[PDB]
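Take a look at this one chain, the form deposited without the partner chain, written out in structure tokens.
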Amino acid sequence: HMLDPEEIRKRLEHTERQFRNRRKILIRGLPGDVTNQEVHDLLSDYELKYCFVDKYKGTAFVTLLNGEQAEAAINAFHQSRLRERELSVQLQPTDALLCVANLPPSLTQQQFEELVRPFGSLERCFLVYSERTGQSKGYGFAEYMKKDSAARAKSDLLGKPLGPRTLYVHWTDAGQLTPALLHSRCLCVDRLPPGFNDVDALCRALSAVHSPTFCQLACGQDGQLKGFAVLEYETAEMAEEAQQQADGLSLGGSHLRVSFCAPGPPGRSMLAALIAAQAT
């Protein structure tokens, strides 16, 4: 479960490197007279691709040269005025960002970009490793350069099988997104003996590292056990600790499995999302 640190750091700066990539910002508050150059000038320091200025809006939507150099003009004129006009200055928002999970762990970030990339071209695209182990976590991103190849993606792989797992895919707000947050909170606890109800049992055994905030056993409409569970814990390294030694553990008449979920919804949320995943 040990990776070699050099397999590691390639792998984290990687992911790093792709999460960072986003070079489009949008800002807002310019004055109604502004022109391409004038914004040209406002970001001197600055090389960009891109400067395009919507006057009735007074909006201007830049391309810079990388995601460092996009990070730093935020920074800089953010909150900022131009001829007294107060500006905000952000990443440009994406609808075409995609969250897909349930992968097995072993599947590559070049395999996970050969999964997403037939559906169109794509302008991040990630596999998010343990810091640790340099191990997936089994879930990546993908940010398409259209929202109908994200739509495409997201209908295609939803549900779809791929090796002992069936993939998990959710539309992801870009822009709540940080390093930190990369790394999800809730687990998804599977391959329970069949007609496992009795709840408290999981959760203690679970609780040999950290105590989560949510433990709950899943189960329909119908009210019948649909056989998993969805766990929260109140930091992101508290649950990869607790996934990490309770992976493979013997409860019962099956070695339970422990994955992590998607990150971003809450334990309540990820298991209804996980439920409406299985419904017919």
Contents of the next structure:
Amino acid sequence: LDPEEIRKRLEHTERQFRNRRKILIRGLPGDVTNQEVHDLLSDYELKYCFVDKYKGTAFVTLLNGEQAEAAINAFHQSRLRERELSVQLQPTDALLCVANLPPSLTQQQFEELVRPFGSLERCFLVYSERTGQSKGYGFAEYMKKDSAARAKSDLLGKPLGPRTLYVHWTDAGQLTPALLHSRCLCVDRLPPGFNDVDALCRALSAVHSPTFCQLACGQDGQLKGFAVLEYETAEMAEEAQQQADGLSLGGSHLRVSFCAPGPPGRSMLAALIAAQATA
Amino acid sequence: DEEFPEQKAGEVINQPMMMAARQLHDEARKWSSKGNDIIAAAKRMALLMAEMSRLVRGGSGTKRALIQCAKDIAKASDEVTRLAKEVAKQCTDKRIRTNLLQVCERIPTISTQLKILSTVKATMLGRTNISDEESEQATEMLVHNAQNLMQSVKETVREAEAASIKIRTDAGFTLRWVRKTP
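Output the form deposited with the partner chain bound next; the form deposited without the partner chain has already been displayed.
Every component of the complex follows; first up is the chain already shown.
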């Protein structure tokens, strides 16, 4: 992995993560008209404008984040017909996390995968800061929430190469470049019936120790050929996965991938159990 | 247009006022504004009354805002009254023409009081050097004034529509009453 490629990747991901060009204006006069909002934002390129007249708010999509920022700075706390406006970035609507991707899937293949469901607002794989390699998950945000529903639905359980994808909504809880990095991992390819959480969890401590670690027990109350782990930092998970993946244990070589960032061990485990459940 | 969503946390608003707004909204909503300025103006009043129900709960920039809000509503009611008297003028039914004139010769008064009251409440917004009882009473005068105004205009809508079917032949002024449904 070159360092000019690593940097270009990480760079693209940032441009994407930060192209937040959707703003919210609250405090508008009850009788505000769209013409009024369009006028107010005439120095900007409006891609979309919807005024909730009953709320005195306007949901506006500008050309890009740079314009969003300029609208926010320029009009937040300004006055329109004696009213004080609050201008700020819209909240997260249709933000999905597609995980368990093939570790080799490119950023372009990812866009291709996720783009049909509607127009994308932001789309980025998540790579390791050091290696520059995909962490096996990405994020897709659509212009419409409808689009995210379609996507989750068509992508949860989708086979992509040797993998079965997992999808998970960001409600959204708000992320930072820090939260983009997962603290949880999934171990599968476990031996048939295998029951060494003690051994399995022992194995997984060879670098850092799991704050969480459990087997996938069904409500049958079967055993689902996998396990979920958590680590104190995204960095501790990172190193753990790097060392653990491929390892022999039982008669088999374990596969070790990241879980979508967000949920803690407890939740991911159920989540994954229930997802694979709907078989 | 659009229905009025329900309540929540939330939603700091003054409920009786949002209710009054909602009552007007629901009446006007059923109708097209095309060819009907009373309906157009009523819709603006209800949305403005909704904003008022927030402003009155205090906050950043609410004083200037709340005063203008009352002014905006006052201006809109003038149109409703003005237009509602033209209708009464062209109507041949004494009962309706009479309810119509009555239910609307009070509007301008309620409106003026609204400005006066909004302004009082506006001056109180923030100042903690104002008795709780003086502000609460200010709020109450305003809520009650808002209710009359919302009701009065809702009745003007209903009577105007009634008169539409009791207008003189070859009238010089008419309002269009066409549903905005299915």
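Numbering follows the first chain given and starts at 1.
Within the set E47, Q245, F52, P93, the hinge between the two rigid parts that rotate between these two forms is located at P93.
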